[PDB]
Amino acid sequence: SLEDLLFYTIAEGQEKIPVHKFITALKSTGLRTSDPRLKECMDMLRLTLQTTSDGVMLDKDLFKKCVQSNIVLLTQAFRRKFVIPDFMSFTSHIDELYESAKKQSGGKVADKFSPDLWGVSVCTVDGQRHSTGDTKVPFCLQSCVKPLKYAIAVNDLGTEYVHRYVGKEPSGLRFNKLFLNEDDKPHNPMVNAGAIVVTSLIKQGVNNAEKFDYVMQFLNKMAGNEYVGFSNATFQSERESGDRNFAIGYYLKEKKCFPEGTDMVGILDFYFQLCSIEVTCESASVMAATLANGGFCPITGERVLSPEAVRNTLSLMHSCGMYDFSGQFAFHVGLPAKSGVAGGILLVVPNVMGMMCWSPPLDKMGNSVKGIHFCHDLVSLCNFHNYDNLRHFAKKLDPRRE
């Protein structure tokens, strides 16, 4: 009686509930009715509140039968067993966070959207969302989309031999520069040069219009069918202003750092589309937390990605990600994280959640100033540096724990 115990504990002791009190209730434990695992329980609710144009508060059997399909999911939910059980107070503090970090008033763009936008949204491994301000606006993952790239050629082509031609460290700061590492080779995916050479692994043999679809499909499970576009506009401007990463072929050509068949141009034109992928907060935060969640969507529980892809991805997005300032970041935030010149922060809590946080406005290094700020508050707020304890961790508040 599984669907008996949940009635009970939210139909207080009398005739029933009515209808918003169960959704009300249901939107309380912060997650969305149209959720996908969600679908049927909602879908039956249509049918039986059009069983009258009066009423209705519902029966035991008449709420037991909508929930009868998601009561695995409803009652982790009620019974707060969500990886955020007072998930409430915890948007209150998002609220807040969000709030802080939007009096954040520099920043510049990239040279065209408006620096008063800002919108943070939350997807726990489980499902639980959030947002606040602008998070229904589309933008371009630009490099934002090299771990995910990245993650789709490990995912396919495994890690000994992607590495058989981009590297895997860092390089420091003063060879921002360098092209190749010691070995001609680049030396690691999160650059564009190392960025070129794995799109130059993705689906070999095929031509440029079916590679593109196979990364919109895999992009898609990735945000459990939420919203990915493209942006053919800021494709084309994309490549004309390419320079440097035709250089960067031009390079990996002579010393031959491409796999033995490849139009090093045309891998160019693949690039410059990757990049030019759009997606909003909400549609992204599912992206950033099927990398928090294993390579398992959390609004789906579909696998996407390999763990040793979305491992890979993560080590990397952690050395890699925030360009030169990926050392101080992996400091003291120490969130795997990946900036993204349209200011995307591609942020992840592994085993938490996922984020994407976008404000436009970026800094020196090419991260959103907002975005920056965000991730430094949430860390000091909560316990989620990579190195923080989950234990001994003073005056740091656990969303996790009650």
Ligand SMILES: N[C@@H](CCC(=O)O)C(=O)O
Second form
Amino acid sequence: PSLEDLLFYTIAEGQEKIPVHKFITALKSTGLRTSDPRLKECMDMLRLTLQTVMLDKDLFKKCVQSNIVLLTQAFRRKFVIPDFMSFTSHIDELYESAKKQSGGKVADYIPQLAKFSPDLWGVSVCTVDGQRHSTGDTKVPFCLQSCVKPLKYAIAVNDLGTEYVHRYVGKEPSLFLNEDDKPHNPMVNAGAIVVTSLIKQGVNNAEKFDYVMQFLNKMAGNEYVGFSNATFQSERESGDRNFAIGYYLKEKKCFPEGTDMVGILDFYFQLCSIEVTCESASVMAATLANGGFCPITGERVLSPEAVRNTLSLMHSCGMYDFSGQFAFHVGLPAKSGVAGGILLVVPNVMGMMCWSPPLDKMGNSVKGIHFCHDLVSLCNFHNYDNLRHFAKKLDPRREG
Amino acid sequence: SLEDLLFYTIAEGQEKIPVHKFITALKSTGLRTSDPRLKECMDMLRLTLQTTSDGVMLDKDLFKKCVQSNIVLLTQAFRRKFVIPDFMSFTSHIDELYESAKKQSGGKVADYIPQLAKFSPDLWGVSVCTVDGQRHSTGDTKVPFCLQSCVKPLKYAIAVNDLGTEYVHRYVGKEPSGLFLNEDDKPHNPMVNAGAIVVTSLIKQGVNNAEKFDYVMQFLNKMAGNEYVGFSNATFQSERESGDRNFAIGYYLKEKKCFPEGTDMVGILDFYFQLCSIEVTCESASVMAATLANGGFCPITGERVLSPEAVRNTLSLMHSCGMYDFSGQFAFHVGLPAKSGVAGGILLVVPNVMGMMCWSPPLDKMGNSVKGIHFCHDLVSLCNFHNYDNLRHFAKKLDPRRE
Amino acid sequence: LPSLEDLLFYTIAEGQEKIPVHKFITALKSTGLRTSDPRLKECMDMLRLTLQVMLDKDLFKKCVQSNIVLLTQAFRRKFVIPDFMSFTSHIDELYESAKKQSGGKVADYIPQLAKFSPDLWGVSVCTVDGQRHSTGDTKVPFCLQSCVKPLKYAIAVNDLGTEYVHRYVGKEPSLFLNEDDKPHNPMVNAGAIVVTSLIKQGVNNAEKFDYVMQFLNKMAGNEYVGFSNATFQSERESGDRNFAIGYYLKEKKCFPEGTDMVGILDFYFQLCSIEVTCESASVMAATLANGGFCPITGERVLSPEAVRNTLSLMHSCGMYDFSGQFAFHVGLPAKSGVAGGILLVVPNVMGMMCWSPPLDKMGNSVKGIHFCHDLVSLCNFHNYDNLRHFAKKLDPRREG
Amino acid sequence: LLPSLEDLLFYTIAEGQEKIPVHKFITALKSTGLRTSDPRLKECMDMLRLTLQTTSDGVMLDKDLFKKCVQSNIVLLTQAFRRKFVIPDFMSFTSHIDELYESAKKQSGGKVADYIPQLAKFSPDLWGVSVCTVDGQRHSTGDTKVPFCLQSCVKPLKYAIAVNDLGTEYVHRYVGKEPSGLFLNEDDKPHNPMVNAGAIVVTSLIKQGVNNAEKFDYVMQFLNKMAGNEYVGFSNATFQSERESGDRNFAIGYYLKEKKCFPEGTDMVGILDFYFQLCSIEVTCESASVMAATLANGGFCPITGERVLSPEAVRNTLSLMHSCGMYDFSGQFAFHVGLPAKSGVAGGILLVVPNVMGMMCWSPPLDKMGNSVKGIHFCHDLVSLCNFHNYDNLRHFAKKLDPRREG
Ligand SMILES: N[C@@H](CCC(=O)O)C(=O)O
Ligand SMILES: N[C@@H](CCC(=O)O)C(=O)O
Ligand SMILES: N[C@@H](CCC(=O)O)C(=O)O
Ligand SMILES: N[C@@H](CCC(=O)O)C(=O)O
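Form solved in complex with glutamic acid (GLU), following the form solved without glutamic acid (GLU):
Okay, now the whole complex, with that chain kicking things off.
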């Protein structure tokens, strides 16, 4: 009748004792990792009883009681994708298939970007329940670049609301400005720079940057977030483009009262030069997918308003000149950047990061784009893809 | 024993369910008794009402005979397995919203042709059709009016059905625009007039206008589950008198070679004005919308009408280009695929949930119905049908699916 | 006191007591006048009479007295170019030099245009004093096409004033419309179509076309003007472009009240189909050069307001997309046509028609353009050349 | 050959009198429209000063005395006196200028530029007009001796210098020759030197490889010559204010730098500095009119006789003033006035009538196109009065007056 007992019997298979490796394996095949923040108590307990292999009903109950709800959900098959092994097999195929696509040029406008190999290709999945999978180069760091644009937009809306933010920037797809003399949307450079000015006003750059990093940490569930000073230096050295825009926004009175624009550009470049991995960035995406809750910590990180707005803008303006085409064919909110990241959200299902340095003339990762098309081909995930009556296509949220 | 199970749950330990009781129970699911799918059942009840010894009473074997043919659907309806289980509560909310948008007396009625100018400003209707056929209506929901540009996604859908994404999008774009053309010399997308005219040319090539029109009308009949779909000659004549704009567009498309080989552009414009002049009611156009929300299956007839590719493409374009120059703002704030029309229609799809139509004739400075727009804003604020609302977490929205 | 006829006799005589006719005819020709000049008709009629060979003072005086003023001007070297023989030698060189330029393509959108040989090339000059010269294929009818646009604009302004005309059409360089929903300028097709609707309102098409033809006669001092029905028929069959514009103009209410726009388009295609030689069109251009007086009849044809406005719009909008470049390097008011016409005006000096059928990709005659640039290199005709100081440039107005 | 040029002139002035009184000669000379202080006349005026000291007959020149005074300058003096200048009846023409000036005076519209304090300081009521003929005949009315900044009035001048020194072909690699119709044209060149973006590129072309101080001096000397050594100067105060608040131009500079619009090895921020210095150069109506008259005279300066700009330079500059010279009123202006003209935000309009004269019009209130209201009114009136329009006919002008015509 006890929860721990019920779970014990199901895992036990009628034996009297569960070998520790039998439970770990079973757990792993739900897609959870053993380093999941929410499973810390259980793993700490296992570490304890290991200092003294076989777990009886009472010893097991002692290890798992703190995390029984989550563990049951996993073992009952209540996660958003129940057959995660099958799903990861499919992800592996899509990865392999995109790997073959050798087209594209690596971004060479600064050394740091130009230094990355064309053969680097990673894909990471984090489910809204925290199920995690990776193939390829998922642990290498690289800079978010423009991929940071939704995240800081999220932050601004989180902190200030829709109304205040949208006083300063628009919300529709397109250096030039909209009808009302706002930049068109936070997904372009002009709008991003305006969004940059909004965040934590009245404290210095160092402080502001620390705030954004803490927030990024929560979104990633305390996985890898870093900073590239080198990238930062080269960006500031060579951003005549963004200097143009700043002076223009200044002239046109685009910033909030008492903005030091040159200082905001400096912040803006530091923001571009933040580093993630596939793995960490997928958690961030999963946060967006999960409604502002981090799927691995369980923390509320972003308001429902922040997340909805962000996904809306990722939809229509997220992939530079390919936005509209991407919305039509792929139908997922996403954002890319010049180091080859695409950050992809499949609302209520998962967050994804894809990384490959060579880009197409639109500015997007070749393999990343190829991968996203393939995903949507295979899976009902398109925004306007019916839940009942897909045509020929898989639904991973259905047992099979 | 499926029929037996349902009998015990309806009876409430009694031994004879009185007919009116079953009907009332059935209704509050949201189905209407006139549902195509429920026909065998209703026919049997009528039969036994005649032949019966009792006033009106059905014992187990009698109930079984009436419901057996339609048991699957009746079990879903009664086990609360439909998309919106607490339909009564949902319709109460719809009614509050309707009332609240009623007060919004703003706008002007289109007057560029007499037929449009005739409509009273105080006409206001809303109708709902679920992907399970649960129906509801408030206001002026049985009044015919013309689809106008509401017909644009419907005919686009037909074209993609018959021809495929690839063929169709040779001749027309798939992105919200910047009357002119895109960098590839295609009209920007089917939702604008230039691209609608091109889509019109794609449909049922090589047969006369009369045949083409019948083809489209039949298709519309199926989408609407054979509810009202009509023609307005009066509207049509007036459209063709005064479409110098569309004549402009046609001649420009002809110059730039945007039509298929052997298109007669003037005849195509005629077909176009006819398409615009098609009449619906709120009630029947909600079923049309629900076909689009139900993946191409008509939720009342259960009939496959449009391919999944067609339906998906049409919703993508209603998302981004459906509300003229308000499109962007609508996509952001409402987040629902929708098409507006100059008569005051707003065709609304909430994918996997329901279809609606909304009618009031005063329009704002953009082409769109004031009460419709206000209703849609209100609906989203209430209920978490926003495309990028979370299913599992939402602020204090309401989830009609959940209970 | 001593007669004017007497004076001219002795100058031509050269102390010989009698002048033969042929000598006077040759003398007259070398001023650049033609013996068929309208203003010299009395004198030619007299010669025809008495020529039923040698002319004494008294006989001469009888022949020339009626036209003594114009003859004394010619002979006493008071015409705009005085060494006209030298000038024509230079025209001939320029004509040859532009000859060799065989580039370009002949327009082919209607059969009638596509027929013309690429090797046709004519250049006609008419001076404001009526001095004429020609090289090449100068007596071959072709259609003015858009070369008719300045002419009919001239007619409209003549008849209606600047203020009326410009209510309907704009006055600046660029189916779309200016800020105020007027077409940009009478030189583009949209504006030309509006200018067409302005002329002789309240009468049927046949009457309007007769009126325009009469006006064109006067402008050309009764030299060749004709109509190509064939051109007209083809134009009308295939002007989907102009049907587009007309419907658009109708929608935007660009025409005066009670215009039948379809009939206006009809007239518009008739105007485009009007036929000139180089010779006749050069006179037309000289009318514009000479302030609205026809230099060969001395008749006032257009008002100074008509002519000024027309030259202004020629300057800036006369050569399609090439216009700007043309104004800058050539600096002469000119209108080009799809048939290879370039109508060229050198204010206060002369009119020209250049014709060759191959066009460049701006739609302008290759050789016409090559010849126009050459003319300006040679002579201080450019609009912003200085009359007093100019570098190596020749100036035919001066005697040398 | 028999009677001598100086002698002939003597009889024409003297009028059968054996002697010409000085004041008579001076008065006659002035009414040609020359100023006694004309550079070309300096020998004559020096001699008169001499003889006015060295003589018995206080004020009276005989034949021999007159000859000694005028002999050095006799050509230009015969031109003046024998009515061979471009406007022969200058005194009638100035009467006409006066009436137009008075009429423009009455126009009280406009707003004074306030984007910097130095501009905003100028009184609305200031209004001047200066005329300089291509023969050096001068006239002024109104506030002609007050200084003000050229602002964008400097743009054709520095363009002229660039083309003089480098040629059409070099210059137009970096800049367009057509009205725009901020943005770049099809070829990623600014549209034309008359817009700010194009002006900033023109600025970079001039005296490359030297420091700003040298460059500035080089432009100044050039301006001095165009003005016949009349006032040109500088407002450091204006310059400081420009550089503090030119976010617009910094925006442009950064954009031009990104799109590689400058010559190889350009320091763009230093270029901007030099640009603002140019905008801050000062003239008066009188001095700037001589500048304009240079341009109306195929690049010689009418008062010095000195060749200043190449013919090519001047022509190109007049072409661009025609089509792009009056911001967004350029097309209307070209149609209605038909003169090459440049305006500036201080209220200047620099106006050229080819082959006839140069003008400078100044009043500080601007209309919402940014041009001096009184300037614009004056220019329209000038055209309506006389046959100066571009495409006005020299022989047939319906009712209009022609200054060149002996009348
Ligand atoms: N660092 C670039 C953005 C690179 C990107 O688009 O990813 C910028 O700030 O403009
Ligand atoms: N038939 C109308 C449709 C108007 C509308 O619904 O926007 C047209 O083409 O203008
Ligand atoms: N008739 C042609 C233009 C002829 C020309 O360009 O000269 C048209 O209206 O399009
Ligand atoms: N200071 C302004 C120029 C003023 C003017 O237009 O005259 C600028 O450099 O843009």
